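Encoded as structure tokens, the following chain is the form deposited in one PDB entry, with no partner shown.
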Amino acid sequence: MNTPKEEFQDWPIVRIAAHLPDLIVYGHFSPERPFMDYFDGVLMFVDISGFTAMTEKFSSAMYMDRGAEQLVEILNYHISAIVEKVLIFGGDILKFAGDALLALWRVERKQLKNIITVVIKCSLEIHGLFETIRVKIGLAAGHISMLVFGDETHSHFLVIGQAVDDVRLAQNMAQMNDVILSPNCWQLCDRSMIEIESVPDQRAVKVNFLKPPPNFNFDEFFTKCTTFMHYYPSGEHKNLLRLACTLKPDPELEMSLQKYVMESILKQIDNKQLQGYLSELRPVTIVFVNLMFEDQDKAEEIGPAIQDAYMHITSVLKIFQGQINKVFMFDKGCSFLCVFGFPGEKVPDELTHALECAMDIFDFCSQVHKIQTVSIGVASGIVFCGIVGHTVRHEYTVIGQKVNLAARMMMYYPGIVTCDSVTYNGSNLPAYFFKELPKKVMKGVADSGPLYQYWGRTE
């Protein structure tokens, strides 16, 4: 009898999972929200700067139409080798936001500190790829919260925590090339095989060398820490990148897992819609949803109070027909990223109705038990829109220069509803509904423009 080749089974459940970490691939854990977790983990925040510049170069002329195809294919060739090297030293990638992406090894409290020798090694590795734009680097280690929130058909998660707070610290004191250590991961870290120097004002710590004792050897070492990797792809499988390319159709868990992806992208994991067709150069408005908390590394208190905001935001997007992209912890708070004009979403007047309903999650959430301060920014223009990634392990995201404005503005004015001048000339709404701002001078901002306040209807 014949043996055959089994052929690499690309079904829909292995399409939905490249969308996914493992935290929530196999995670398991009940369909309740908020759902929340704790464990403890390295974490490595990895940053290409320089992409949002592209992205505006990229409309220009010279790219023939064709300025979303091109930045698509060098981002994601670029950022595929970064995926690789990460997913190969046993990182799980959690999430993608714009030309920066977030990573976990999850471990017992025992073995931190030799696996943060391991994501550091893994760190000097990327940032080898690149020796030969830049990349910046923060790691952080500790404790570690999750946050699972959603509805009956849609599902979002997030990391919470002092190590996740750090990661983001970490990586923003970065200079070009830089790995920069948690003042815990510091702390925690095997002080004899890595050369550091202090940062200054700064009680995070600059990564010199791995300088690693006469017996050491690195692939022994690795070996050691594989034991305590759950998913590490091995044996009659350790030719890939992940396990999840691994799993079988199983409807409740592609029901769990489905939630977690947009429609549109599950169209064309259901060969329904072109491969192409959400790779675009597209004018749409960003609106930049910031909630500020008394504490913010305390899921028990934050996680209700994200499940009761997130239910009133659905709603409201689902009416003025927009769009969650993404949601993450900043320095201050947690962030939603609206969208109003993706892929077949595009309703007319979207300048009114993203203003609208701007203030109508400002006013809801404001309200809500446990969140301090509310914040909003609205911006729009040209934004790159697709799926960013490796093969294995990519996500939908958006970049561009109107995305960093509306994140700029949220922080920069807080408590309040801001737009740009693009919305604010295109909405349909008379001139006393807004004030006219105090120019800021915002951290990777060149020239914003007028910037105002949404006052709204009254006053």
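Take the two forms, find the largest set of C-alpha atoms that superpose within 1.5 Å, and that set is the rigid core. Numbering follows the first chain given and starts at 1. Compared with the form deposited in another entry:
Summarising the superposition on the core between these two forms, the listed residues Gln296, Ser145, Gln268, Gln111 contain exactly one with a Cα shift of 2 Å or larger, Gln296. Taking 2 Å as the criterion, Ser49 counts as shifted between these two forms: its C-alpha moves by at least this amount when the rigid core is aligned.
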The other form holds:
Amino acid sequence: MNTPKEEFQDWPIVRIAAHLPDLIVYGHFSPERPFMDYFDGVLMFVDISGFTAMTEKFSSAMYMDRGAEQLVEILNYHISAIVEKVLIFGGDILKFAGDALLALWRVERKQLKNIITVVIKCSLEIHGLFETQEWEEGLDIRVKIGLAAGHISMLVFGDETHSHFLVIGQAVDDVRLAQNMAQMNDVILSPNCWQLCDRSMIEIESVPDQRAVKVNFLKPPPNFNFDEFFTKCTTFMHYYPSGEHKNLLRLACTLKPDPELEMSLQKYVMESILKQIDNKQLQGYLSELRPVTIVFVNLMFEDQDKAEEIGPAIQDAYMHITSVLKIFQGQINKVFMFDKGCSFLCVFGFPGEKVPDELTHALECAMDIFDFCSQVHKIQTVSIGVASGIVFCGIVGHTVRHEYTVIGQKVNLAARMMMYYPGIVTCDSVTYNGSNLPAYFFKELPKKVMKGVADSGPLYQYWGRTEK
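With the form deposited in one PDB entry done, generate the form deposited in another entry in the same format.
If you are looking for partners or other molecules, they are not here, because only the chain is given.
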């Protein structure tokens, strides 16, 4: 008998799993909302803003209307190399944003020490990818890396058709603090990462006015062999591709059709992405430079450090947010959480969802979300930034691990406005002028100097319809 090889491995369920971490793909938890779980791990935060700041120049007429296509091509070329490093060193890419990716090595407490060594070596090899790299003069094709370790909480929230997850807690807070202290080419360890690490492996230096540390060198002991050490570490890595599947980047590439599993996983993925997965939309339709309105919603909690309290509050806010967005075909693109604010990146005018009066509707939707979430138990402060303009939209990442992402100055501006003007709804000049709403519905704001924004233009508070 003949023995033809190569199984089919391009099923819809596999294409869906590319959009999700192993944390979700192999998660098998209750469909109850909110769901919370607790574990330990090492977190890696890779700041990729250095090369995603490329977006505004790809709007230049020099790119002859192929700006979005060239942008996603060069972005994915560089991001795929980072992704391959994380995956081969045994990490799980949790999420992509325009400015960062976050990765997790989930492990039992006893193994934190050795796993930190694996993650430091991975971090240094990521920097190694960009050591002699540039385009057109500027060599800002480099990264900054923050590492944390310790207790991690997971939250899954959503309704009967959509799901979202977050990792939260002190190690999550720590990894963002570590990454913010980093300069180009740095690897920063959180204080707890440094307290838990194998100090014989590494040479550090102090960070001024900080308990966090910078890695100068990984200088192993004399008889150390990283390959044999890594093999020992794989004992604790549940989904590391092995044996017959050692040639694959992800075990998720071996997923077989399972309708109950697929029903669960598709809830995390936008319908237009599912349409492409199902071969009912051209594979390149979602890569575009597109005018959108960003509505960036930040929620700050009474007790920041209480996972048990914030879970129901995010769920209650989500239930209201999703009902208000449905009304104008607004979408939640991402949910993020670090400085204990939970942030919803909402988008109006995505592909096939663009409708007249985007601007008025985005403002009314922001006000509605603001009023409801302010009355939600345990939510201390709601802040909403609204910015409109040309943003890049596209699937960002590696073939085996990628996400639909929005990138652009107006994304960064809405994110900065909600942090710099807390407790209010703010909008940019485009939204204000284009709403055509009466001038007295707004308040002209003092100009603030905001991180990573230069010519922000006049900013406004959306006061609303009444003096009250």
